[PDB]
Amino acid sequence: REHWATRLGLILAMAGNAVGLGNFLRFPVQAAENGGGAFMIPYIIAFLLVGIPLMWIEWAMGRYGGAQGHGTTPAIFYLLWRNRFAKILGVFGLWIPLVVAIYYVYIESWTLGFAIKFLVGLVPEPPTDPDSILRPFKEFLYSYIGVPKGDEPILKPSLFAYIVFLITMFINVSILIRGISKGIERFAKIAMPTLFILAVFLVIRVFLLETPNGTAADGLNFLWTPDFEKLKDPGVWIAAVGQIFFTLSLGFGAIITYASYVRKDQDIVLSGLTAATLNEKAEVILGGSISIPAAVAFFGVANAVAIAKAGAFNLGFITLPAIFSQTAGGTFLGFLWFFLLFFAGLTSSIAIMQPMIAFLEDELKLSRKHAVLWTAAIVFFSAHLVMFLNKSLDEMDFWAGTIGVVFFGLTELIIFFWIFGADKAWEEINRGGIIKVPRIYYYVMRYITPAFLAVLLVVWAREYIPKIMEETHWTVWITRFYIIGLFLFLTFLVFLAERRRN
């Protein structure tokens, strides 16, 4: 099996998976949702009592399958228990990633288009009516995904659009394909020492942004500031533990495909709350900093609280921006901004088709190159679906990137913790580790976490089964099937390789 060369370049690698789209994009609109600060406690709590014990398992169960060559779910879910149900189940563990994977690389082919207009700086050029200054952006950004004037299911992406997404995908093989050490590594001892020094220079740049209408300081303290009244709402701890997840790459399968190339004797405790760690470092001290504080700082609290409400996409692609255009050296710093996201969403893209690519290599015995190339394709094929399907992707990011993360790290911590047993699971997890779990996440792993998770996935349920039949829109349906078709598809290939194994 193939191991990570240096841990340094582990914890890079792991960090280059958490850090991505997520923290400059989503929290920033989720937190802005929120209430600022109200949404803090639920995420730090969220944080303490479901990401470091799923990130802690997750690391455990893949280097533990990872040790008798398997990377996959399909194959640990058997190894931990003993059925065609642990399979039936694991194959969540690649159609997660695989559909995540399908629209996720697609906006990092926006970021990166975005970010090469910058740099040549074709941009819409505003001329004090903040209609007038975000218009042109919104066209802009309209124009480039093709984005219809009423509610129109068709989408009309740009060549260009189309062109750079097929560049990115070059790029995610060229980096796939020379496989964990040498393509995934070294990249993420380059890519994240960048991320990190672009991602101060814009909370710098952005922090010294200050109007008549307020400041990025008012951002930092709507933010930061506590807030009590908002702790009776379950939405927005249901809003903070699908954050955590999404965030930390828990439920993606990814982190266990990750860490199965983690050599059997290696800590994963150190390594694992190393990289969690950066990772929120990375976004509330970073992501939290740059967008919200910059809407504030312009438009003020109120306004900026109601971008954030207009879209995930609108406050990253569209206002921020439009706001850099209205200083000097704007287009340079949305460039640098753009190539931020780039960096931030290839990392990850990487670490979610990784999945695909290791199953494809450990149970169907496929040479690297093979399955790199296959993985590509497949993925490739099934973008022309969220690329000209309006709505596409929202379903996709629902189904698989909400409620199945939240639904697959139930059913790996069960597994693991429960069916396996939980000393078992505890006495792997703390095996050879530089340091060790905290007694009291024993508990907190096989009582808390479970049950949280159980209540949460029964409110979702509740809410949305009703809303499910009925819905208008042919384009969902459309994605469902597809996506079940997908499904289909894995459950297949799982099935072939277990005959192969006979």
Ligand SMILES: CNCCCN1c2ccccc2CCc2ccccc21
Given for the second form:
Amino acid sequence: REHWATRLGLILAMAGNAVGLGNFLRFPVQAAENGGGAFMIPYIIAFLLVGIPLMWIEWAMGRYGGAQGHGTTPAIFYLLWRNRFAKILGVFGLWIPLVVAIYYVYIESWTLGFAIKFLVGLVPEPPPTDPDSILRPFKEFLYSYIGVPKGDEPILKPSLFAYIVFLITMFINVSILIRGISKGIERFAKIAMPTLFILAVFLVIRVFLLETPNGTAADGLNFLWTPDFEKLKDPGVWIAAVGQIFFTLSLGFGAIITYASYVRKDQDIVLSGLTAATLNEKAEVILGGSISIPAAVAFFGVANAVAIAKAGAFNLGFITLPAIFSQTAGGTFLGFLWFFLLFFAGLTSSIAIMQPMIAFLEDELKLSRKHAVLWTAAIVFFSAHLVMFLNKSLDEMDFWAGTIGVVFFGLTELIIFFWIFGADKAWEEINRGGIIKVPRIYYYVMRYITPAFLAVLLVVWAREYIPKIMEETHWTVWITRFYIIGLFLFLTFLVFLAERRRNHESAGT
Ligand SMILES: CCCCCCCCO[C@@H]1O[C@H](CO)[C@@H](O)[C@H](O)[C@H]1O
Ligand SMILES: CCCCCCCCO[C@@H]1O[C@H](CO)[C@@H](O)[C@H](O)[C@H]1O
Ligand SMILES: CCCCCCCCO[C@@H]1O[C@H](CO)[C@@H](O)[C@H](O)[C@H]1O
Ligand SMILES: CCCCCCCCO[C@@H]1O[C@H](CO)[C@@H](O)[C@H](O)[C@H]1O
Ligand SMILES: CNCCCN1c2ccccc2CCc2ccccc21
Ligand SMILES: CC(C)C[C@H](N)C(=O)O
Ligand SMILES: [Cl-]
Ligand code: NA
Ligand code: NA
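Following the display of the form solved without this ligand, present the structure of the form solved in complex with this ligand.
Shown next: the complete complex, the earlier chain at its head.
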């Protein structure tokens, strides 16, 4: 069994797991689209009532399972609840991270592609006034890279460069994962995190130096950090805030659990878990929130910045920011640093969502690390073609797996660990070996508050928001739904084979 060599490696690996594209690309959009400061209140509450408690729960379930040679939920859920059904529900712990990896790695490859082009200076050349004359060249740049449709058809035509970069991205992910936990994920985390931090701070510093006739970077911070209690009664903001919390902290993806399964039985998961969660939040609200938003508001003002965030989730990070940078000396290089930052941020997170499948193949099907990594890479690479060529396929996978799936799974793992397994056993398991104890009140939060909070959230969602996404979408969404449902059946079949394999082994022993 592989174990994290050092505590710093563990923290930086777990921090690398959480700190990713969600901090720098997703958070800014979610905040701006929901009133900025009006989004922060529910976000902070969601972090305290959902983020923190679930982080500890996943670290606990992981370490508990790893002690018995299991790093994924199909097996761990069964250990906590001896029921054939626990194995089915556990499949989501392999499905979610696999589906998310299918589109996450692709988006990650974009940042590598852009980074390369911006470094070499193969970027557009804007006409020397007029906002549209500045932004259009960059919009075209993105649209040509990923191949956005021009006609009436929902078909994408990625550039050859984009495709080749995706292959390289997969290769880089494999090169790290194939070396294992300590010599792969950990070695890399110790290099990537410090780099990521320096790049992020440098960018924040450069961004503040932005002052135009429309505003300053300070105006952006005020927008993001000014309370608006008139939206606290809006369910949509709460759904957005909770969704962001889950995504940014890697909760409900089965990633934290798998990583924690490599933590030694005696090791502290309380302080370690809290540190990883805190590092992510700092990287999100302080770093992530201080780059994109302040820069957009500085050049276009609050109103226009918000409109740009509402048009295309990728606008602000792949079109707007590099466009804004292009108007300053060394702006192309600054764009390179922005995309290089995103690449490392994503790379440290993509290896985390691919490890669960790898761990399952090693733990349950007894495959060698080499074979487990290559097969996982093959499944992701192949499946990724659907996201690369079918328009809005990405949007669909992100919803079922990265949005609904994670909240549902988060509630499932809590119920299984804190209700079925036992609230008092769970509590003991979480605190065992801890350098610090979990505050007493959190017992009540985990047992009553968190589950009730997520239960209400899921109910409202399925009533006033999801029916539209089941009756107001293009027919091609069914191609993606069909395929991801097939992935679930495939994983269920593997769980079944793992059962038959273990049974046969128990007879020979
Ligand atoms: C995975 C099973 C079959 C995959 C076939 C992939 C064929 C990719 O084909 C490539 O697509 C690129 C755009 O994405 C084009 O730019 C290339 O010219 C084209 O050769
Ligand atoms: C550097 C790591 C991967 C580099 C892949 C480069 C793929 C280049 O691909 C080429 O790009 C040219 C534009 O630059 C196009 O005009 C060509 O049609 C295209 O085939
Ligand atoms: C993902 C499920 C199916 C993916 C099918 C991808 C088929 C790619 O097909 C290729 O597309 C290229 C343009 O991108 C064309 O230039 C090639 O002639 C065509 O063969
Ligand atoms: C399914 C996910 C992506 C599918 C991309 C399909 C791109 C198809 O492209 C089409 O391929 C046909 C042959 O199959 C050709 O006869 C058409 O002329 C060509 O436009
Ligand atoms: C509305 N569709 C775009 C969905 C994808 N998306 C992702 C997903 C993974 C990593 C980054 C992002 C950045 C853009 C973004 C913003 C808000 C929700 C989802 C997303
Ligand atoms: C899916 C997770 C690994 C995503 C990561 N926590 C991020 O914020 O990008
Ligand atoms: Cl290109
Ligand atoms: Na994050
Ligand atoms: Na990361």
